[PDB]
Amino acid sequence: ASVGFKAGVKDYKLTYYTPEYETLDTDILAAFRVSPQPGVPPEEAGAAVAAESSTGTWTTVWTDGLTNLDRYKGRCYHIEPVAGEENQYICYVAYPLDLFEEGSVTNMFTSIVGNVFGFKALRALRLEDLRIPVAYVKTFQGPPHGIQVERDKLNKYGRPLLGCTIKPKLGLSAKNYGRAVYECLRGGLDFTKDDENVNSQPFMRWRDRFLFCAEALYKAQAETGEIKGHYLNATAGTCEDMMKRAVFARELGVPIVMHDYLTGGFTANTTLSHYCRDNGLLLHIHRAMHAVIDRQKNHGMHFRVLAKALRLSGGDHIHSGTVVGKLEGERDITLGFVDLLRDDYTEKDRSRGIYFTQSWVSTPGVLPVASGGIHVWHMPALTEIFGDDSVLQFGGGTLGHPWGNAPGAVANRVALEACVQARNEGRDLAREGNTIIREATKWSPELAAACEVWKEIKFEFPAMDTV
Amino acid sequence: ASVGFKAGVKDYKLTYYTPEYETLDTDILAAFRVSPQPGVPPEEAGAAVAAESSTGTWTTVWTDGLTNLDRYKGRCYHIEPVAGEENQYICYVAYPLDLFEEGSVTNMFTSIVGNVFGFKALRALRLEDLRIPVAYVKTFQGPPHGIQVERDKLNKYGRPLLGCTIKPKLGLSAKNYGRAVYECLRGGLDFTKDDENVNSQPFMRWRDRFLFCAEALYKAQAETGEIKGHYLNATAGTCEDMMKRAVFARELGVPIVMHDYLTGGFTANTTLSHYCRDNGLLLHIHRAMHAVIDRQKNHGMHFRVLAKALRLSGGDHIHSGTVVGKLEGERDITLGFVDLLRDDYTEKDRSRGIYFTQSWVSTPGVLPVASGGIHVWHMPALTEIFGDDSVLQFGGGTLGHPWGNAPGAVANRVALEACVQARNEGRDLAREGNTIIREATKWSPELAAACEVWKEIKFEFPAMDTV
Amino acid sequence: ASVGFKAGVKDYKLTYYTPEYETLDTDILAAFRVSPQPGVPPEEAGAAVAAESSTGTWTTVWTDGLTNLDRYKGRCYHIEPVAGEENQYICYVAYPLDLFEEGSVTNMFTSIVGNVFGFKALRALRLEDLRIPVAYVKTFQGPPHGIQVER
Amino acid sequence: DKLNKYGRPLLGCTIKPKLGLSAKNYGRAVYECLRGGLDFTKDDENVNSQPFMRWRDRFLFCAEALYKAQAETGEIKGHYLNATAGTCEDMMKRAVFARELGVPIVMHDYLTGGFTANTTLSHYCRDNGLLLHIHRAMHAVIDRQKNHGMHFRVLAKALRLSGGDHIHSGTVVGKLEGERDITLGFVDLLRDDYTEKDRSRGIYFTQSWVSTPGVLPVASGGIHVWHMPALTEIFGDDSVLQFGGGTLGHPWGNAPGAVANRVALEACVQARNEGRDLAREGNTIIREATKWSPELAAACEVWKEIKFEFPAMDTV
Amino acid sequence: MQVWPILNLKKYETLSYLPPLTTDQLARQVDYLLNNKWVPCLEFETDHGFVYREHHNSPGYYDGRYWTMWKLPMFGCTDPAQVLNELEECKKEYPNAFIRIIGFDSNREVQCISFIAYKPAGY
Amino acid sequence: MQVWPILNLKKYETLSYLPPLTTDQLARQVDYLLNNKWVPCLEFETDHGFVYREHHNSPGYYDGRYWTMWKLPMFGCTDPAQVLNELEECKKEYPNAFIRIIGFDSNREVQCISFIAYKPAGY
Ligand SMILES: O=C(O)[C@@](O)(COP(=O)(O)O)[C@@H](O)[C@H](O)COP(=O)(O)O
Ligand SMILES: O=C(O)[C@@](O)(COP(=O)(O)O)[C@@H](O)[C@H](O)COP(=O)(O)O
Ligand SMILES: O=C(O)[C@@](O)(COP(=O)(O)O)[C@@H](O)[C@H](O)COP(=O)(O)O
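In order, the protein sequence lines correspond to chains C, Y, U, B, A and X.
Here this note's numbering is used: the first residue of the first sequence is 290, the next is one more, and so on.
Here this note's numbering is used: the first residue of the second sequence is 290, the next is one more, and so on.
Here this note's numbering is used: the first residue of the third sequence is 732, the next is one more, and so on.
Here this note's numbering is used: the first residue of the fourth sequence is 50, the next is one more, and so on.
Here this note's numbering is used: the first residue of the fifth sequence is 39, the next is one more, and so on.
Here this note's numbering is used: the first residue of the sixth sequence is 39, the next is one more, and so on.
Only chain C is shown next, with the shape it has when bound in the complex:
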């Protein structure tokens, strides 16, 4: 059935606002927080977003008649006002499965988030959530290994894993990096790591660092009898350079490498994820740059969307915030996306900002990593918030210990184990946290010295990203 072609511009709502539409189980659904310019009706704004991110443009084109636009168009099917907000709405848009390239997070974002945020007709736009249908989820590899496999390879069970970022961030030589690494690992930490911006620089070239860090990690492992790892950074300027670094890590026989997925990019990250699966390397992921995009409530993309994208592209760990540390992260929102990263199924829950029910059809879970301004006194809270399946990282919290790295590592390991034991015995980490730490200081000089130093350090400021 076809009607003639009439040149000219028509309102987007005539074709793209579809309130009677019932979503299919194969549709990708998007929840957009839309703030229209004065005089632009919410139905037109939502329709414009749906049109521009799928099949339409600003004027009528005759070529629409060569296909069946009804099966390809994006559709704004529901709109709801945002409480306690001026002229802001949550618009739900449905995208047919056929619009997306299989296994490509790059393609998915290009459509949904490519051009709509710049429309003159909108003051602001934020993507809050995406319902990824199981049929699309199956086209991705997902994490190279995932929680279960990682614990099995490393033989670590019953407690959060412990890591430490070497400091200062930049400026140390390859040999000094390895020296710091051995001292941290021998004191009880499971992992040490290159900082996110440590790639290859004049003060320390990557191959020299990989070599010295391997020597240091093997020495700490032999000394303690526990498996150790040091995340070697594969982030690089080109796909080729990234691969060369991953390849040398493979040659050294180490267990884990890392990548900055947003600054390196999805295309490069997916290549690395596949390489890690093929070569048995664990992949730690940094979310460097995420706050440029996800901090403000009125504009950008919420972190939960970036977290889902990483679980599809692939990563064994991903930084998820600390809640109590130096960087922003509200408790409920955080618990919301931590479930989205670890579980196989998460039901819609607006109180935690989860707009859609999401199933993963057995795609492996990703280990959340809490890092950034945390110390021994935060241990009970961290253990309580994240539970066993998490990695807790202490950079300044280890290298800032008055007696050095090994004692700094001991303090963190003892504090963690004291909390795990207390929790397992039935104690309330939330009510008894400080008491549990104090009790441990009676027999651990290393912990006592750490507690004295950071006793009054807290990070409390109003959050910008709230439900």
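Calculated from the structure, these hints are not laboratory results.
All C-beta atoms, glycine included, are put in the ideal place defined by N, C-alpha and C.
Among these hints, one or two may not hold up.
Claimed, not checked - List time: in silico DSSO-like cross-link candidates among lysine-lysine, alpha-carbon distance up to 27 Å:
id	chain 1	residue 1	chain 2	residue 2
1	U	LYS851	B	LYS195
2	U	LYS744	B	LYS353
3	Y	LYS586	Y	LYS747
4	C	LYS508	C	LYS464
5	A	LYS129	C	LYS445
6	C	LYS508	C	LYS533
7	C	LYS409	C	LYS302
8	X	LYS75	X	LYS109
9	A	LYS109	A	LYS49
10	C	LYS508	A	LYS49
11	Y	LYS409	C	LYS747
12	B	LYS340	B	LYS356
13	B	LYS340	U	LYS737
14	Y	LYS464	Y	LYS508
15	B	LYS142	Y	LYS533
16	X	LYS157	X	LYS129
17	A	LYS157	A	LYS109
18	X	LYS49	A	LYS109
19	B	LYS195	B	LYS356
20	B	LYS353	U	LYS851
21	Y	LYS409	C	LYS744
22	B	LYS54	X	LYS157
23	A	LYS157	C	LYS731
24	X	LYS49	B	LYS340
25	A	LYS109	B	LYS340
26	B	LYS356	U	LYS741
27	Y	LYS295	C	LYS731
28	Y	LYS533	Y	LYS464
29	X	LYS157	A	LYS129
30	Y	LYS427	Y	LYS409
31	X	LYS49	B	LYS51
What the hints assert, rightly or not - What follows is a list of derived Cβ distance ranges for each label pair:
id	chain 1	residue 1	chain 2	residue 2	range
32	Y	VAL292	C	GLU745	20 to 26 Å
33	C	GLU745	Y	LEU303	14 to 20 Å
34	U	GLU753	A	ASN74	25 to 31 Å
35	B	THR333	U	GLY735	29 to 35 Å
36	Y	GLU375	C	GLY328	26 to 32 Å
37	Y	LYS533	C	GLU749	50 to 56 Å
38	Y	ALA719	C	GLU749	52 to 58 Å
39	A	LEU122	B	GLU330	43 to 49 Å
40	Y	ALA752	C	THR646	37 to 43 Å
Please build the complex by placing chains Y, U, B, A and X with the ligands on the supplied structure of chain C, with the hints as guidance.
Chains Y, U, B, A and X with the ligands alone, transformed into the frame defined by chain C:
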């Protein structure tokens, strides 16, 4: 010279606020628009930004004594209040050359923009500009070809180049795509192109599209006698897939491919840029997703920074906005970054948002591309704003013509040439624009038909991103 | 929740005949034309087919307790007699998506049709149809071109 | 010669449940089976690479487990790693990693994977010193009925040409169909250099092999300790006897389940070598062994009354 | 400032940096495992109490991760005394072995508990 | 439920899981070999009684498979006493060696018999 190690936290301003510092010509300079939380002094906020993006952390670490922190630390050297803004400041930070990996935009952003935007102590943060020293610029390849070489390969001189995005965005088959392409090209357009989200999908696989588009472009070129191109999209889910697509374009002997640098990523983009230089392919770059980051004045990264990053990583064209079209772009800010993309030297000019003088040491210029909601009546304004060195793209503006693609192409080519001739004769495009178009409609039926349809279409809304 | 391990053989129908099961949209469904040997009840024959082509064997193994067999087992969820045929039934079996390797027809047939056709307890067996869920279909490339592209 | 195993049938075990176990649990089961006396353990035929257990993780954990069992017992061990895959490329990647691990044997499902892929793998195994165990999954779809299809003996000849070091041949006494005379007929066609026409065993033509190596027949499927005398008598030393449920179904676990099977086998080999009639004295030989082997006694109690007897569809 | 020792300081993963568990502390850990409905199991090792690399050096490969199973996992066990009883029995049979208690979560198929319950002389 | 031992449980291939062979049981095995017309031969080893991998780790490669030949295979031997006699003689010369009896089938060129006939002290 060394002082003892005292564990504990100290204010960042003690080490990172350095108002007496004279910047070196090798330093990367950053201008941050900082909005501190109540009670956080601007000097401390600026110092925190400088520390966290370079060498420091939240507490004192003994390892600082193993290096010379004075030569590696980032430094907030100047702070100025923002006029007509509450508790907002422009903080200038200097980063030594040694902190960066040569030829890696990925590494540069990881440091400068990696973690600072999420500090609990800040309400908002925006990176406005970066002064890239010539010593760092020389470590990059830059555009595979650049303006001069591109005009020389295509034999096109004396006027803006003309392109057209095929519509609907998604939903057309490979054969229908080629049919639309031939009709557009034969009417006078220099280029046609895959839309940014057209990669490889169920309705049209990439190899079929490349093949039919090559057939269509060769037919239009033989018919008209003018060199033609169709940007084939190489954007893909992995580095490997991206390379396979670029390789087939090379085999077909076509002149140009395209990539979405932000959704594909810098690592993948740099790999493609190098491949294009090695194989003589022009590289058109889409900035899909940029508005998620650069729209709001209070938080994010200004587009001028993303434009500089692309000129380093590499691209022969980059979308730059239209000013008068459907997507946001203020005239002065736009002219500012267009100069940063094309010229060898641009002097500081705060009225256009240019915070630092920037030299390029002969790195090729990039052709700005105006695309998005423009039509024949905008021609005089576009020609006046961009001048000859630009590409003007009309998607709906060609395929929305009442008589079809070839006549739609003729209308755009005639309108452009009428403007070029008028300008060359000394006429004021700004004052006489409408008259010049009307005169041309007297002898061009194709232009007259287009003018009737879009006569009253304008896009005027208040801009969010202003100087 | 776990019960002890009791060594020994039990009827397949105790674990694999599941008439109250509602199929999921992600399950691969199979319609088998089953002809049991005399004395083998259709429920046991259908259950044997479901067990042997998914997770079970002929005697109880303790390792079942290391996983959650409920999420992995094949299930005979429906049986219907064949009209005008002696002692022949159509048994419907459901297989969870997780049992199959993505993009591998070889793996799909190995499970569903690998060993069940030789059971001494059956006289004959024919696979009539398979419902391939869209989630599994998406893991395959399918035709290199297809009708439209070829024309 | 490579494995240094002589004078008795080889013993294997298929890990169960068929699907659903993680990579680490697979290796744990493997070590326990191997340390009790079995020569081999193996991936089930449909264990390729799935959401619950990806192939590379399995290969890695199984290698760790097999090396531990070998060091503990002093006897060479193997775990057949499944190379069956969706494409030739995937199949090759799996065979290549097995080579890297230095393990001795891989497996392939020749009918579901296909002859073209099987021949490629067979050549790769010859070039890299890997033993190749072959599963006949899907054969019964083709060879069960007497009126239509292709008899298994034709599929067995095809495998000996394409290539495989072992091939499943049926058990006769187990849960899957296989008549004694027909089976002995194709077992000769798989092992010998020359087999004369013999219509009583369904051998229509005399077949010579001009020294093409023989293939080891593998009896697997519903067999247990009480079937040992019969299996030894039917197949003789050159065979592999596999006990999946027959090992993992033992009341005391895998290692004791393995011991029960190894002891039962050796008791039969010793009795046969001494001149005893396995056919007449089978039950007595097993009972005698239970007097000194608690592991065997416990297995015998459990499976005492389990037999699989139904009329066969494929008869001469 | 104390220097963290270097000699004879081998560790045993979870709970090994705390003072040795008393009888009651051990029983509490077993209770925790049973209350969460995890399946208890004992493993022992006499020859290689620590991880090493003899057969391969590729990423993620280590020898010594697998120990030997004491009997079978205790499916259906609801009494901590049964576990502690098996521990004593394992100790009497293998006084020279390291013995650990693990607890399986069968839905996720991951060990949610794992700790050393007995160490031979001089460890 | 008995737990299969872990220590000092090295095995020796065929017949090694049965109670040790008595003199008569050993003689019966030798008779079996001769009745089948296989050629008997003795092999002994003092240094590496078990397989290991020192020189290579590729598929199918193991060190320790080859032992040393006692004299020569007994071509034409028809009396079990001759074999048992050589066994005693080998034992007197190498009381510290593992000694096995093998039987060759020369038409197929495969060893059809192979079993340990003597083990040194503490094995
Ligand atoms: O540079 C830093 O700040 C850190 O190295 C932590 O150092 P400290 O351990 O010394 O605090 C990063 O791991 C951030 O935590 C990343 O942030 P997020 O985890 O929120 O992505
Ligand atoms: O999807 C679109 O809107 C376009 O295809 C234009 O279509 P029309 O020509 O039909 O308007 C893109 O080129 C945008 O212009 C990109 O925005 P920017 O150039 O600002 O990056
Ligand atoms: O899935 C199964 O049934 C088995 O794993 C045996 O398990 P159990 O050892 O537990 O019986 C296969 O080896 C079949 O024996 C193949 O049949 P065939 O050998 O006739 O090709």
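### Query
Would the pair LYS427 of chain Y and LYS409 of chain Y pass a check requiring their Cα atoms to be no farther apart than 27 Å?
Given pair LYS427 of chain Y, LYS409 of chain Y is violated - Cα atoms ~37 Å apart, limit 27 Å.
### Query
Measuring from beta carbon to beta carbon, are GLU745 of chain C and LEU303 of chain Y in 14 to 20 Å?
Once the Cβ atoms are compared, 18 Å apart, the range 14 to 20 Å for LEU303 of chain Y and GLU745 of chain C holds.
### Query
When you check the alpha-carbon spacing of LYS508 of chain C and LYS464 of chain C, does it fall within 27 Å?
holds, 14 Å
### Query
Quick one: are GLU753 of chain U and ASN74 of chain A within 25 to 31 Å, going by C-beta?
holds, 30 Å
### Query
Using the C-beta atoms of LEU122 of chain A and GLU330 of chain B, is the stated range 43 to 49 Å upheld?
Holds, at about 48 Å.
### Message
Check whether the Cα positions of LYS49 of chain X and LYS340 of chain B lie no farther apart than 27 Å.
### Response
Within the cut-off at roughly 21 Å; holds.
### Query
Going straight from one Cα to the other, do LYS157 of chain A and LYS109 of chain A come out at no more than 27 Å?
holds, 19 Å
### Query
Can the restraint linking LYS340 of chain B and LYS356 of chain B be considered satisfied, given a maximum Cα separation of 27 Å?
At roughly 23 Å apart (the allowed maximum being 27 Å), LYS356 of chain B and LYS340 of chain B satisfy the hint.
### Task
Starting from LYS409 of chain Y, check that the Cα of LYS744 of chain C is at most 27 Å away, please.
holds, 20 Å
#### Entry: Agreement of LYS356 of chain B and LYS741 of chain U with the hint, judged by alpha carbon distance not exceeding 27 Å
holds, 14 Å
### Message
So if I understand the rule, the pair passes when the alpha-carbon distance is 27 Å or less; does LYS109 of chain A with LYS340 of chain B pass?
### Response
holds, 22 Å
### Query
Honestly, do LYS533 of chain Y and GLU749 of chain C meet the 50 to 56 Å range at C-beta?
holds, 52 Å
Violation of the numbered hints given earlier is confined to hints 29 and 30; the remaining hints are satisfied by the structure.
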